[PDB]
Each structure stands twice: as structure tokens, then as C-alpha cells.
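Enquirer: If you want the building blocks of each chain, they are given just below.
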Amino acid sequence: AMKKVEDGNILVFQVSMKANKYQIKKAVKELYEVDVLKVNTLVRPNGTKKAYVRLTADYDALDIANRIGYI
Amino acid sequence: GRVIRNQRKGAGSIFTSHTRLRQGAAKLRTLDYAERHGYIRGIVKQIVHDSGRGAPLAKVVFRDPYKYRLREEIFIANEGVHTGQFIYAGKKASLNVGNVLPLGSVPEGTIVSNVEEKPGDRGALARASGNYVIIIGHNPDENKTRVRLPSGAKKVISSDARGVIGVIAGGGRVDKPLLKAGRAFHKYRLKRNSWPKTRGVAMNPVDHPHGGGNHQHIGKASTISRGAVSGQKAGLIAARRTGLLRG
Amino acid sequence: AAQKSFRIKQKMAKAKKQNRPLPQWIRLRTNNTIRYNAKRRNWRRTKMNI
Amino acid sequence: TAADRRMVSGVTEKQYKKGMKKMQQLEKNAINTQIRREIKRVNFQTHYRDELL
Amino acid sequence: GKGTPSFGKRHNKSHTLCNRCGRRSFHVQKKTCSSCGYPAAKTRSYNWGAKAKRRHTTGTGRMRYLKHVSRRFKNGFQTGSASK
RNA sequence: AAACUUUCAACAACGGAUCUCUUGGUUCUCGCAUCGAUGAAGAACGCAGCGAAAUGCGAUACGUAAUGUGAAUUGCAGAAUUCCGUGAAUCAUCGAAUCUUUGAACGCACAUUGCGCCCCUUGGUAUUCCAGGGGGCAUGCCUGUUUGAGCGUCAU
RNA sequence: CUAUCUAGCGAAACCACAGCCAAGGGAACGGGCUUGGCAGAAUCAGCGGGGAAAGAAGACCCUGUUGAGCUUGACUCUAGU
RNA sequence: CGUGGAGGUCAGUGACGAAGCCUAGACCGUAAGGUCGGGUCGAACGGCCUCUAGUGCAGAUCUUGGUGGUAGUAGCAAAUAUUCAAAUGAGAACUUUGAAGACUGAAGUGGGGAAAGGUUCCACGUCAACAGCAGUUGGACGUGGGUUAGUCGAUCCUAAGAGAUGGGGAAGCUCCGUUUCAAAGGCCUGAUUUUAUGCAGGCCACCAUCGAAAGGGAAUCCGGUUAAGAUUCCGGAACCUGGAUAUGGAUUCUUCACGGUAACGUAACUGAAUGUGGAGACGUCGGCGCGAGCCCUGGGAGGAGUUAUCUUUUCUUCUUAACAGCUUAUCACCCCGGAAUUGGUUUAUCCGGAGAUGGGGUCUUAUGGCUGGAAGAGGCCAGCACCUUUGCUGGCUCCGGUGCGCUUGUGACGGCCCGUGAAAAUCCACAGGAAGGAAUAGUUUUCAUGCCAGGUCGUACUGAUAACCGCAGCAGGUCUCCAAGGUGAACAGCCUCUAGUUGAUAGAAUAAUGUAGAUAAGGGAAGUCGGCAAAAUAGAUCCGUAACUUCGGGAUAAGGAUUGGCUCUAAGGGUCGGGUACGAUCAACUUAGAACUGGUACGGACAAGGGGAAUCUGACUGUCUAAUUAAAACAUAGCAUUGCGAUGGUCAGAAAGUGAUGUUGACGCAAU
RNA sequence: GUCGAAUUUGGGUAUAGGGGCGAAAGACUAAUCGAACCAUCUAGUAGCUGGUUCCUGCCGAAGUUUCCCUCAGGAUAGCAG
RNA sequence: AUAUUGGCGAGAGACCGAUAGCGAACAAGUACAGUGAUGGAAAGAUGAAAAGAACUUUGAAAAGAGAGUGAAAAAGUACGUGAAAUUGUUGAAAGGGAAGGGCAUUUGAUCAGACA
Ligand SMILES: [Zn+2]
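Protein chains in written order, with PDB author numbering: chain W, 72 to 142; chain B, 2 to 248; chain k, 2 to 51; chain z, 379 to 431; chain i, 2 to 85.
Honestly, the hints are just simulated from the structure, not real lab data.
Yeah, the Cβ is synthetic: ideal placement off N, Cα and C, and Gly gets one too.
Hints are supplied without guarantee of correctness; some may be wrong.
Stated by the list, open to error - Restricting the straight-line Cα-Cα distance to at most 25 angstroms, the calculated cross-link-like pairs of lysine-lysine (PhoX-like) are:
hint: 1; chain 1: k; residue 1: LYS18; chain 2: z; residue 2: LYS399
hint: 2; chain 1: i; residue 1: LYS10; chain 2: k; residue 2: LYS5
hint: 3; chain 1: W; residue 1: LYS120; chain 2: k; residue 2: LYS10
As the list claims (entries may be wrong) - Chain W residues, not near chain k, derived (Cβ > 12 angstroms throughout):
hint: 4; residue: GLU77
hint: 5; residue: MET88
hint: 6; residue: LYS92
hint: 7; residue: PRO116
hint: 8; residue: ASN117
hint: 9; residue: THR119
hint: 10; residue: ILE135
hint: 11; residue: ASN137
hint: 12; residue: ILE139
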């Protein structure tokens, strides 16, 4: 998932099971004060949900990951 | 013993009739104020072949008298009709092959078909391919007409009962032998599940009252009584005569 | 199957999390009668009927 | 790396190896038990056809 | 063959997971379960299966509410604030 | 003569008997009456700094609030006066709450995490469209209310 | 290609104790008893005489005051009509 | 006599060792059994008088647990087959790489999927167990990582069918029934200054709902990318649906477009109720036409192979997606015209005064062509650099031919039937003429452009001589798609290319008996219940064919001959100055014939009928005892009989305002 | 053996125990079918078969009479303690 | 006043003592089998305290031999005592197609006490 943060503007999160791609696009707007191009979603085989949200071309993914604190 | 295979038929469940490909219930149109006083005109749009019937159908269309609409009925088409012919329906209608007339209005000696027993059951008497009824006299007192039937039996019915005029199309269907079990199979593929009929004497004592024995015979007299019960009624049911008639 | 329903994917994800040995710090408690994970399934031996 | 998760919470790197080798044997005696006891009434069928005469 | 060559044709399930007792008994063609009849109101239970009520009666589960009723009776179904 | 075979003893092996234990059963007596539409019994999936199960619990998730006790928990890590204290704890009590998806199961459906509808609100040019939130929408029956039906029927 | 010999791996049926014969008597066809013939460790590959070899409380027959399938004008009833 | 417990007593024994257990050590008793020494061992236990019982084992094809002999034995033998070096390693027949040798051979041992499994996928560690030998490897053990959707599926609609409500049965769990004997609704604007709403003026009277990851169905393609994911990611290029919605164009001062004889045409070009019509929407077989992909193939531009000789050689790359524009046809249709001396015409015989042939047009756009997409991608080469991230620069990516080829899509037709071979959702169109509207205005959002949004769940991998079921890593079983070259009639068999595998315990020896495969002097069924088993014949071409017959057959009847190789000759087509005798010309594989030739061999391996004469029996094709019976039995068409005109025949239900035949009607149903 | 059809087959759905289904074998109905499987009444009943656990002492039989749907069994008399 | 083999809380026993007592003293209606209804086990004890064997050396490693803890590893997580079948080493003896047993003694081994 670090390859998706560094190459593309793709932030990867583990989201709660009841979220539906509008509650994730709006969460990253409200939590991180950014804009989101597009959210993708899969349900991991350990039964949790993983969301490939994607920042849009002027927000950078490395700066948001460093302000969060997982580098 | 088991229940025998003429007892297994009343439950249906494989023995019901195969009704995917049939057009609909072939019935005369209902008795209304147009059809008791005067006639009503309709046109044969097409002549179709329904599956599991030896006679073609006719899809006449009658305009709705009370609404602005078309109402399509299905008649059992009789010989000589064609698409685009006009079918006139009622008391004051003409007398040609295809019109439907109450049996008082037709003269004695005519032949009609698809007659109704009661005056409003929408036609259920002579319907198979080639069978008519022959009017053999009216009765202006008591309002009755007497007809004979395809079985040779004479029956007196109401005089307001309708019936289309002419012998039912399909004609001499049974003059041709099927020649193959593969042609009788497809005939019963669209009728119901009763075709390969195992003889009763081939069976065991459980399966049939005929069955069993170190030879193949019936054992007791094959003419069964009338007040016999469900499961004994195998063989001729109440045979007055039996055997070939003359020789 | 591949095209599977959610209430069997919810069941095979629980079986993934239960496909774990005993944690090794369990064997060090005071009255610890447990010695291995006896309800441990493997796809070769025992099919789960879900 | 979840290998340090062991090293802070009880278990050592050496204690895991001698612990699992006991543990992988504690399941060995039990499966040797299951094969031995069941082997009497496991050939005991119900509806055998006897293909002879 | 009716044995080994006919056990190979078994790849279509006839029961699936029940929704009210959660075990593979919900028969798909009948659309009714068979350990407890699920589209029915009352659960399926018979006194000839005395053992099969031990596995399913009151007490084999969490008892999320019923385990406190015996304590609440002793104090007398009281309410309100507690104490000092 | 050896080997081998058989017997016995010693020590070793296999194997788990015997003996001595026992937070478990069993039966007997005594006392009480306490499930659920205010959502039960049962189910499914979850939750711990390190848990797979058991026990506990429900997105407030090995618990919270309250009262009591008065210094632990402990496998490890961590946390220290929190120790003459509105205060430790996997403590007891328990009256305040939460209680996911379900289930008599209740918007319709359910082999579907399928599809609606009404209402207050928020956002996107927005009564109509999409979306996030909050609250509703089962059936039988009783009592009352309101609005109707019926040349059933009575005066006008 | 096996069998055979080697390295590795390694079961089962069966088994009172067991295992050389002749005649005798005997539950009337003995591996054991009685009288004789005799008889030398350990064994390997074959073999199908024997072990009334193994397989399964005889599937035939009889007995049971034991059943079941089936039949009919057996006895006693019964849905239906 | 012995045992488990109970009351009493010996102020019994005991950590200085109770109970237990062992002991070819001792003693007592006829015996059941009692006592003692030694060894072991570690927490309780006895004597005697009485009480009480779940109280004494060699057996029960006893029960549970444990262990033997057999026995280092039977065996680990189908699926063609393995070998050399090196690396890692304590250790190599078995792991990895390289070099050989081979096999599956395009109905694969290949590439994918539906069920079903469920983390087996993938990486890093690691070999106690499992992989019936081995192990350093593993579908194993240990820790982790991994499945991304507006277009792909579900969801949506209906099928055979399940099923609530109303009701009606039922002591009752519940049963019948699915529009039913029901008061079972929503919706257009007039209402639009209250928009509460009233008359509206009608309304689908069908009236739950579930039922298909193979039916119906709004819309996505190419290139890259990962240890493991792609129609999902990244990059480019599109389309659809639901919205709002402003420009441009259109139309309008006769308000709701013009052109063509016409079939019809276009960038647009108001249209409510209600009604009708189409699409969704359908069988199978046969040949024929066309298309796409593959195959074969010529020239040129590259790269590798062979080279003693020969070979302008053998192999290989030379590719274009959805979508959008312009165009392109059989069929059908319109106009002009008027046909016997009958013409037109298909492989297949149909069409014409109900208007052919002919001349001129119109349309559908399956499909093909050009162009955009798009060469910038991809492919093949050459060159020069290097950190690992990575490149960087030049070229080239071309023009054709061919056909009873193969697969497959489709078009126009033909054959068949007592068989005419699903339904809804959804979508559009017409008839209708309600309503509304122009001069800065409306209609336009079916014309072009522009703006926003497209949720939920599945997505890895296997799909089987190791991921499913068969107790297992079992020669069994399990639905489906694509499919190269040669031989040849062929998807036969045999050999090879792409791709995959080289896994199945091995080593030595070559006794008997086996199992699988072979061959035989002379005789040729003498064998045996019996020609069981094996052999013989077989392809093709030409010749020749009987009794019998339901005239179709019998029939590949029987029986006879030829077949290689090589050099040739003749016939059968297409395009062109000469068909209103002929000429160069490109391009098929087909048949017939003749010489010459050889150890008289030639369907040279593979593949591939034994035939005849009669009887018994069932007419045939078909079906059955899964796992001892495939038959003469069952079925069949044919024939005949009986029942019944619906207030009914045969059958069902505990019952019913219940059902099968019946969406039926004697040419039918039912029973034989 | 058959190989274009009374063909083969996937998925859906229908019929369930004295019932289903049957081109008929008493065949098939989850290795079960001349009546499935599971639980219960149930420790069904048996005049029939097998087994029946310590020692010593003393006494010590019967296979016969009569009746019995009686003849592999009982009652009764006998013998015995 | 009566019934109560379920629920909740108590008290008790001439009861059973891990093949017993409930199916379950233990992660027991658990693992596992069956499509399904249903079927359904086995499995308790180191020591007072883990003081669960630091270190040395042989081995590739498991392990071994020492050492060390302990009252005791003749208690080392295969853990109280640890019977028999069956098995190994050592010691004794016997043995021509079985072995075993009864009476009697020789020989070897072994045991013995009133007078000792
Ligand atoms: Zn259930």
C-alpha cells in the first residue's frame, strides 16, 4: 500500500463495514481537509473493508500521509 | 399392494396436461345484449395451430360495444373459414359457414358445431376435428331443440344455446397411421403423461389386479362391476356387451 | 465458488481468523490446563459444511 | 514486523521453538490416539454386497 | 455403479444455512428449515427427541436478558438512584 | 560348543492397572416464584497492548455509570502514588445506560447484507433529482375519535 | 512387468495348545490317546495332499402355539359408494 | 475365607515410611486365604464384635482399553524414461539451474470457466509430523501479504412452479385457493390569488410476493502495470442512464419544417387522455451465397539457423480495439413500360396481366472498404550507456495472391411433423387532437455543444491421475468454451510446432508359476457342453452378384482383378486486340490413359467386414433388473372391446365456497 | 451394442413411506427397498442359543404316572434335601 | 392442606470415586460423522515451590555425557506410585517330530530353626 501512496495519489484506509463510498468520500473531505477524486472498495478476506481513496492531482499523497504520521 | 397407476392419476403431479404452448381456452364470446338482439360483426385475423389439439383455432376480433377497445376471442375454426372473412354473431345473423347462431334460428337438418349445452357456458359440445351435431327438430312450445351428437346419442337442449355453423376443421385426422412409436411419442409429448402403456398382466400382484401368475392371464372376469371401488376398477368398467359384434 | 454470497464470505473470513495456533504466552499462566488449540481446522482434513 | 510482538509479551525466540516442538508433539500423541482406538470399528460396514455366488 | 462412481455426481447442495438457528438445515426447495421450522412461528421441538432439546433449550446460549432477572427479583424490581 | 527356542529373577522398555486423592455427578429434604411487542429463548458476526477456545460483552463491545470495599492486576509488557486517597482491582454489588445483524420479528423481501415509502433536517442552481443524518411504515382485536357508506330508515 | 536378492517403508486374514506316520478303538475318517514305525540345530524358493484350512449362529430340510410379502368364496371388520 | 462402605472397640499401625506393587525368600491353614523378610514407594490404613451391599470371573462370536505370533513377511509391478555436470546442503535416484533424451500431439498432460472447495493463491522463514522410498522441495508446518467496477455478474423481469391476504376447512399444529362470491386504487390538471382542495372524469379491475450468477436484459475498449490483482488499477479513447440546463442551430409575424410523381429523404421539425401496432420473441435438418479469425502462399525489409557439397534456402517479426463519420446488399419496394414464338431464373422450380423480362430509382447497414481512434501504442532490429530507481538514440513496422480448406457468424431458401417448436419486464412508433404558445417572444433539451452524479455485494486460485465427491494425495465420477502442420475420406490412428510435463519407490539378477504381448514345421476343430480364445477377411477402383421379397430391399451378398516409384499424354476453368476456325494470359486439384522400372513389391507402419445354407423365436428402432439375469421379457405402431353428452366417466382429499384429466368434449378423455 | 433420434445432459421445479415413480426387473427412491432413514414407545417378546464369579464338609437324584393345540414346554404324583 | 426428574437459593448422605458417577470432574452436547432429522466421544494427578536443568563438551541438529536444582529426576512438562500381556540386555539351566503336569529320588542352587 506504500507503493500506491508514493506512485499514485492513492491513500489506503481500512474503513468500517457499513460505509458506502459517499461516507468515505465525505469522511476524507472532513477529516483530512482534501479533495477526493474517486473511492474504490473491496472487502478483505479477514472480513474487513479496505478503501482505496484517491486524492486529485494537486493535493499530494505523501504530504497527507506525513501529516497523519505513518510516513 | 401398491396403489395402481389409474389411482395415481387423480393426484396429478406428473399427469397434468402440458400447457406451455397452448394459445388459450377456446370459447364462444359471452352472451350480451348485442348477441340476444341482433348480431355483432367480427373478423378472423389469423388461423393458428394450438399444441395438443387436432383442430386449428381462429382468433376473431370483436370491437367492444360499451368501451372503445378491441376484444379478441378464440373460436375453434371450422371448415371453409379464412382470414379476412367476417363472422356474424347473434340472433338476427345470417346462415353461412362460420356464423354463430342460437339453435332456434337454424332450420332442422342443418349441421352446426361447438354447441353449448346450457345457454351461456360459452360452447362445449362438438369440438374435436371433424365432429358436428345434426339438428333433428325444434319445439317452439317449451323452447327446446333436439340434436344428435357425434356419439350417435340424441339430446334435447335449450333453444337459446349457440353454435357455430359447419363441421370442425381438422377433418379426417385419424385416417393416417402413426407408423412409429416416435410419432405417437410426440403426439403425447404435448397432451399429458400417459403414453407407453404397460399391460396390466405384465405387472406383479402389487401393481395391478390383473398382474401375477406363472402365465400371463387375467384370472377372473375382466368386466368389472359399477359399484366396485377405487383400485378394483381395471378392465371394461360396466360391459353390457363384450366381444366383437358380428364377426 | 467464485461468485459467492456474502453470508458465506462472512463465514470463511471467520474461519480464516480461527485458523491460528495457540498463542505461546497462554501456556505460562498459573492454572493453565490448555496445551494446544484443539478446535483447529485444515482444508485437507475437515471440510466445513457452510 | 510482528516478530517483536513475541519478544515483548512473554515469549522469547528460543522459547517459541522448544514450545512449538512440544506443541506439535502434543497434537501428535492425540492423532496417534485417534488412529489407534478408531481402527477397530472403522471397517465395520453396514450394507456389504458379497460379490460371490 | 451405485457406490463410488455415483458419489461423484454430488455437487449440488439441498440444504443451506438457516437464518434463525444458523446451521445447515434450511431446505431450499421446500423453503423451510428442518431443525427448527423457520418460516413457522414456533420452533420445531418434539418429546421423542429428548436429547435434541438439550442442545437447543434455554441455557445453551448467552441469555443476554434472562440471566439478570433472578438478581432483579431478589432486590425486588426496584428503580431509582442507589445510595450515598 | 554356539546361535536359536522355552522357563525364572534383576535392571531397562512398552502399557496405564492398582493404591491414595477430587472445585464433578447422583439421590433426598427445605425455602422462594421471577421470561417476552418496554423485543424474550435461540442464532450470526464482532470486541483485549499481546487470544485460538471457554467465560464476559456489543461500534460506549473482557465493558461504561452508580453504590460497597480500601491497594492491586500479574504470563509478559506497561501504568505508579492513583497510597492519611471522589481511590487500585480479571474485586463484590448493581437501581443508571448502551445493546451490531437477527430471531414471536413487525415497511416488503431474505439462498439478496435485495428493494421501497412517509416525515424533520443537511449538501449538491433544487417542491420534483442524487446523497449523508434523525424518526416512522406488520397483523388480528377491544374502547374512544374523526371522516364516510347504505330509498336500512325517521322526521323535514 | 512381477516373482527372486538388496536399501527404505511395511500391513492383514487367521490363531485352545500346536504341528512326522501306520493300524487300533473311539461321537462309527486322530496332530495328541494305545501298540508299533522312528526321530538331529537353523533354514531358503516352490507347491497345493492334509490341517474334516479361512469367509457367514445353513441361504436347502424340520421344529417354533416366531414374523412378513402376496392371493382368494378363510374368519372379523373398513374407507368408499 | 475374601472385598466396598457403617456403628463399637483395640487411648491399634504410620514421614524413624501408611496403602500399593514386585519377589523358582520364609511360615501357618485340608482349602478359600492369612502372616513375615527384602526391593520399590510416598499419606494414609488395619485387628476384633456386629451392620450393610452395585461383594469374589477363565469363558458369554462378552464390553472398553492394551499387546502379540503371523512378519521384516504379502507387498510398494497400469498410465512408454530417464541420464550427465554444477550449485545449495550435515546429508541428493528425488530440490534448483544448464546440457541432453523423450512424452501429452490442438475432443492436450494446453489456455479458461459453472458447480463444489475456502486462503489451498503469493513471498519469507522451516522439516517434529504428513507427502505408504527420500527430502534441502511441497497443496505440509510458522509468520505475513493479497481479490479495487457507472459498463463484468448479481440486483430487475418472467418460465415450470412455490405462496401470503380475503375467505372457506380443521379439535389443532395448519390445509385448500391465487383473483379467488372483497367496500382490495392512483392520477392528470382545471385546482393553480388557501392549495387546504372541491366537482372534475376518467382510471390495468388484472389487484401480494418469491422463482434463472446458462433464458429476457441500458451502456468499455485498447496499451501498460503486480511476488500475488484486472474488461475492475494507471494512461489514452468512448458509450449509457438519471438529472438539472445555458448557448448555437431550428421553427414561428398563415404560429406548430420543407423536398421527391412515388418508394421515401434530412441535424432539428409541439402532441395529454385513450386506443392500436412493432421490437423483446425463439424448432430442427440439408445444401448454396457472403463475412470474420485461422491455414496455405509470392515479392520486399529485418534477425537467428545449415553450409565438405547443395539450397535467390529452413525458421521467424511485418499488428490495429470499443466507439464516431462517409459509404457498401441479398430480400423487399416505387416509377416508366406492356409480355405466346411464353419469357425470367436457382446447386435445389419456382415467378409473371393481381403487371414479367427491361430501363431508372428508394430502403434496411448484418457485414465489408476509407478515415478518425492511431502510431504517439505494440512488434522487430541496430547502437551507446550502466549504480540499484533505470534507461537513452536511430531505423523498420510493406505490397499482394488463394480455396468443395477448417472453425464460426449470418443471409436467402428447401425438407420434416396427429410434434408448428416460452412468457413478462422494458423500449419505441402510429391513430387521436386535449392543452399551450411569436416579435425579444415561446417551442426547442428526440439537433449540436456544455455541467453534475452513478450506491450495495462477488472478483485471488484449482476445476481434477494432488485443491470437488468417493474414510485418502483413490486408475472411479463430474457441465462447458477456443483449437496448429503432415499422411488420410476424417476432430481416426501415427509423427512433429506453440504451451505443459518428465510426477507414479529405486538398485542388481533374468529360476519356476504367473499377467500383457508375440511366432511356428506337418495336419487343420480330431479339442470342447460349445470354434470359447486366437487367426483369417478388411481401404479404394473396376468387373460381377442368387434364393427370397411387404418390390423399398436382400447387397459391401457370394466371387474375381488391379494398387509402388518415375517420365509423360489427353480432358475439365478465369481474364484478353480475333467468340457477329482462333491468340498470349493468371489460377485450381481431379479423373482417365501409356511407357519405363524393382528380390512380383505396392490400403508396404497405422487403420481396416469372415462368408454361406437352414430351423426356433420376437416384426422393426427403443427400454429394463445401478453391483451375477440385456433376453424369446417390457414398449411400440396396428387391431378390437368397454365406460361416459358435463346435474357426467375414471381418479384425489381428514374436510372444504377443494382438486387431476380439463387452456378438455366421442376424430375426445378414461379403462383394458 | 447404438451413434440425429422414443437421443445424451446441466441447472430450475414437481411427486415422500403402505406413499412416490415404474417402456414392468418387485426395479428405483442418497453403498438401505417383497415396504427408506432417524428418534421414541422399548431393557418389545421368546416354551429357543450362549454365559452365569470363593473354598471345604455332609446327604444326593431323574428322564417315569396322569392332563394339556401336549410332543425342545408345563401342571401333578414320584425320587431328593 | 395437595403436586413438582424444570427454574432460583440453601442443607445433607451407611451413595459413585475418572472403563465408576450425568453423555460431559478437562475450551462437553466439545471435536467429529450425516444432504437431513439426528448421532456424538476420548480426555483428571510433576513439585511445597518451576527452583522447568545456567555452564562445559561430542553432534549438522534432535539429543547424549557431565554439571546443577530438589527431601527425591528410582518425580525432567513423553512428568504421583507405574501391575500384566508383550519386549530388550545380562545370569542360570534344558532341548533327536511339541511344551506343560502327577508320585519318587539323585544332582546343583537356596532357605532354616526348639537343643541354638
Ligand atoms: Zn433452523
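Enquirer: Against each hint, give a clear statement of whether it holds in the structure.
Expert: Verification of the supplied hints:
1. Between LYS18 of chain k and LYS399 of chain z, the direct Cα distance comes to roughly 23 angstroms. Compliance with the 25 angstroms bound is thereby established for this hinted pair.
2. Between the alpha carbons of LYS10 of chain i and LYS5 of chain k the distance comes to roughly 21 angstroms, so the proposed pair stays at or under 25 angstroms and holds.
3. Under the criterion of a C-alpha separation no larger than 25 angstroms, the hint pairing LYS120 of chain W with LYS10 of chain k is consistent with the structure, at around 12 angstroms.
4. At the 12 angstroms boundary, the C-beta of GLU77 of chain W stays outside the reach of chain k, the nearest C-beta of that chain being 29 angstroms off.
5. Distance to chain k contradicts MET88 of chain W as a non-interface residue, since its nearest Cβ pair spans about 10 angstroms, not more than 12 angstroms.
6. Its beta-carbon lying about 17 angstroms from the closest one in chain k, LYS92 of chain W satisfies the requirement of being farther than 12 angstroms from that chain.
7. In this structure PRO116 of chain W is not separated from chain k by more than 12 angstroms, as the shortest Cβ-Cβ distance comes to only about 6 angstroms.
8. Remark: the non-interface label on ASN117 of chain W conflicts with the geometry, its nearest Cβ contact in chain k lying 6 angstroms away (cut-off 12 angstroms).
9. Not every CB of chain k lies more than 12 angstroms from the CB of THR119 of chain W, the least distance being 8 angstroms, so the non-interface label is violated.
10. At the 12 angstroms boundary, the C-beta of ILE135 of chain W stays outside the reach of chain k, the nearest C-beta of that chain being 30 angstroms off.
11. Remark: the non-interface label on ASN137 of chain W is consistent with the geometry, its nearest Cβ contact in chain k lying 32 angstroms away (cut-off 12 angstroms).
12. In this structure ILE139 of chain W is separated from chain k by more than 12 angstroms, as the shortest Cβ-Cβ distance comes to about 27 angstroms.
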